[PDB]
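There are 4 protein chains.
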Amino acid sequence: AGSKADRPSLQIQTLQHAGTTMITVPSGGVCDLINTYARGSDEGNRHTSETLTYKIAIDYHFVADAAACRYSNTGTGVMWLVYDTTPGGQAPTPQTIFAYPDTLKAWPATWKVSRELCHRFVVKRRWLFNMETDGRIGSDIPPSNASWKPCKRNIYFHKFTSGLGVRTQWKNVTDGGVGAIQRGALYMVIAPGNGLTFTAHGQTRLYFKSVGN
Amino acid sequence: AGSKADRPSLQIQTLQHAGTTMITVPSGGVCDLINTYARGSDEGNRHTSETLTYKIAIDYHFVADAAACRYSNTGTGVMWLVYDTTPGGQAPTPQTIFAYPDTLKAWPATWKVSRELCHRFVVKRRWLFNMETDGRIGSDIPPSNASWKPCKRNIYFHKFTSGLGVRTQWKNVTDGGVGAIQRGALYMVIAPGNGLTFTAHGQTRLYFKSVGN
Amino acid sequence: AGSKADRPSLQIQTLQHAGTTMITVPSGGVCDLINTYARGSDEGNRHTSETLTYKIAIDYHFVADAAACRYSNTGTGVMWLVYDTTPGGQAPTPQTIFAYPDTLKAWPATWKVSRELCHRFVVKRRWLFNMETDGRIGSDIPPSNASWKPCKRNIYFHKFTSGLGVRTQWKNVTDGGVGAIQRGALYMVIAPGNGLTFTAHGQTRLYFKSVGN
Amino acid sequence: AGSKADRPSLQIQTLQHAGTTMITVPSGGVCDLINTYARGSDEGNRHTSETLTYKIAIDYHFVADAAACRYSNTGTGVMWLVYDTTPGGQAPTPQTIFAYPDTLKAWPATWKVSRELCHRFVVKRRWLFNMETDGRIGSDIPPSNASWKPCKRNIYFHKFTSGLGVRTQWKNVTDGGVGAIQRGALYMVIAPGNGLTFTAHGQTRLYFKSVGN
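Chains as they are written, first to last, in my numbering: chain R, 1 to 213; chain S, 1 to 213; chain C, 1 to 213; chain B, 1 to 213.
Derived by calculation from the structure, the hints in this document are not laboratory data. Keep in mind that the hints are not guaranteed to be accurate.
One copy or two, either will do: identical chains are not told apart, so a pair holds if it fits within one copy or between any two.
[Stated by the list, open to error] Listed next, the in silico DSS-like pairs over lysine-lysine satisfying Cα-Cα at most 30 angstroms (straight line):
#1 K4 to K159
#2 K105 to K171
#3 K149 to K124
#4 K209 to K112
#5 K159 to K149
#6 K105 to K55
#7 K171 to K55
#8 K209 to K4
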């Protein structure tokens, strides 16, 4: 029950998405890298040129955006955890990672990995969620005559998984940006529901340890 | 199936929250201590300077407050059971126990224990619940034309757990207040949903036995 | 290495001799009882009618008294730890505990237990110490011509012993005075050196546990 | 014969007390922390967030101060090695670490750990020493008529011990001050003799190794 657990404690890294930084997704998703690590004295930074990661836990809040609340429909969203072999010099975008005709852009949940890149990428986890809006903003006061049951306007999403493992190596620099990584990048992708745009709040943690040399 | 059970019966302590005493939570939660014990002849009071606790059961009723019923939205609440090592001379407050930016104050369920105190505190249990309001007070008479289904305006919450155990020692005094405890305090915390305030009714029991000397 | 040690901790009792209370011994010694225990809720008080004691540690400071500093000679002192079977209704005095002619009153260290009481009393420990005075009070300023080496004007005395054990029972009352004890009293006695009077400072601890009933 | 010795060498840290920095103790002792460690590249600084210490050796010179040489008496001093669990935000002082009435302030050697903090502190070593002054400063020329034997005006004190071990963890910063330590602080305390003030010279070494992560 675990993965390569070791009696001494394991290092911790966090991310802060809130306030000024709120992941905001227009239709078509957004690409991002969660594996950023600095190098130096501070704890949580990588001490070596070789890093393995193990366990990851994710917490967030979601909320619909008023911009799309002018309509009433449900939908379905998607969150993937995508592993890379060799990253390009430029940041990927979903349209590049998944070959899809413009018609299917509405419904992401049918997307699957394109065959041309079949050995370049892989997806080690998948998750689903769904949300809907009735066409009413929260701050609006109901009239005294009648009411509403707005179940599941917003949702609380969390997952915890020990299964995965990843091997990463680094070019020699200080920085933690994408350009530094030689191999083993790790991407996170968010896919909105049809014609439904929203922003999210929350934070995540990672677990890893340096090794080698 | 149990924890350190012993053939003779175990002592019992109760708490009464009702009427004049109703836990009432404004946004941002409230700190409290449930482990208070007097010393003396009466049963339920501690006979010694050393106490272990075992099993705990919790029952309550919740109800929304009309003060927040002027709006209609759902939300999510949180109840933690937090264990302490060495209490300060002053009573803690959630903002102190959890480091959180003002932005996240809305959604508690993302809070997690701050790293500075990482070894000073720990959380041995966690629970979730959710509730919502439609913007209508109970005493209001529906008009004869139309009706409502107000499922889950109020909720019945209870849990029973034998798992935990706690070791506590006391300074030498009569009192059962917080200032007496040398080590092993036990806190209970309630986290309201976003912009949703309520009061609760109910009572709880404890189980323990004195030992030592 | 120990006496009837038991995994749970053992109770503690202390005595405070300082300031207003300073044991002060004129020639001929002084009788005292160190075993006083109250009964009640407070820790250190006896919970039962039956008590055993085990380990005892003693610390004090000694200093000569200026009243006797008008002369210059050395001497030798004595400290006994005396155990009793049945105490009388009245407090004993050394002259009663030890039969000695008036001639020997000068040198205590030769005293030994009188034969008439041979089975009524016993001495489970003994200690020696010596001190001397040169005829000069501390606050006095030496003249600029010549000096002194006053080694051992005052002395630091301490002992620690686990050996003894004592069985005591009590009449039924609240008090901790001498009149309460039915059997097993414990006395401490201080014997000054010849024509040498002094006072002492310090404090002591005891170790015991209740048993029975 | 040793403690957790390991074939590769162990790191070394030193302290320099001399010249500008001379520990100087007025009556009532002084609190200090010897465990300070920086973090960085340099040897002797801690490489990690977790440190164990093993063996310690202490050397010093003592000398009486002329300020107190205006009187002639002996006395007795004390040196403790005190271990801490959780340090406060403020530096402790002896009067806080040991509960003592103002009367006993004269003779430290009777002090013992106060009961209120009984589990917060502990003392893993103890040492005694004694010194005295005749009321004559060194630079003073004896008159040609008579002389003096001033044995033990100054003293050479050293100890070496492998027994102890200590577990310490750190908040994440660069600094080596007291505010950084999360748990496991280590204090050194010096207790002067009655009405006898002095300064000391010397230096000490430590032995430890980083571990973890």
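Structure-based check of each hint:
1. With identical chains, the CA atoms of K4 and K159 are at most 30 angstroms apart within one copy only, with a shortest distance of 20 angstroms there and 34 angstroms across copies.
2. When the C-alpha separation of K105 and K171 is checked against a cutoff of 30 angstroms, the pair qualifies only between copies, where the shortest distance is 26 angstroms, while the shortest distance within a copy is 36 angstroms.
3. In this assembly of identical chains, the alpha carbons of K149 and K124 never lie at most 30 angstroms apart, being 38 angstroms within a copy and 35 angstroms across copies at closest.
4. Taking the shortest alpha-carbon separations for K209 and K112, only the inter-copy value of 22 angstroms comes in at or below 30 angstroms, while the best intra-copy value is 32 angstroms.
5. In this homomeric assembly, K159 and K149 come within 30 angstroms of each other (Cα to Cα) both inside a single copy, at 27 angstroms, and across copies, at 28 angstroms.
6. In the homo-oligomer, the alpha carbons of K105 and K55 lie at most 30 angstroms apart only across protomers (27 angstroms), although the nearest pairing inside one protomer, at 32 angstroms, exceeds that limit.
7. For the identical chains of this complex, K171 and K55 are neighbours both inside a copy (24 angstroms) and across copies (23 angstroms), given an alpha-carbon limit of 30 angstroms.
8. In this homomeric assembly, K209 and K4 come within 30 angstroms of each other (Cα to Cα) both inside a single copy, at 11 angstroms, and across copies, at 26 angstroms.
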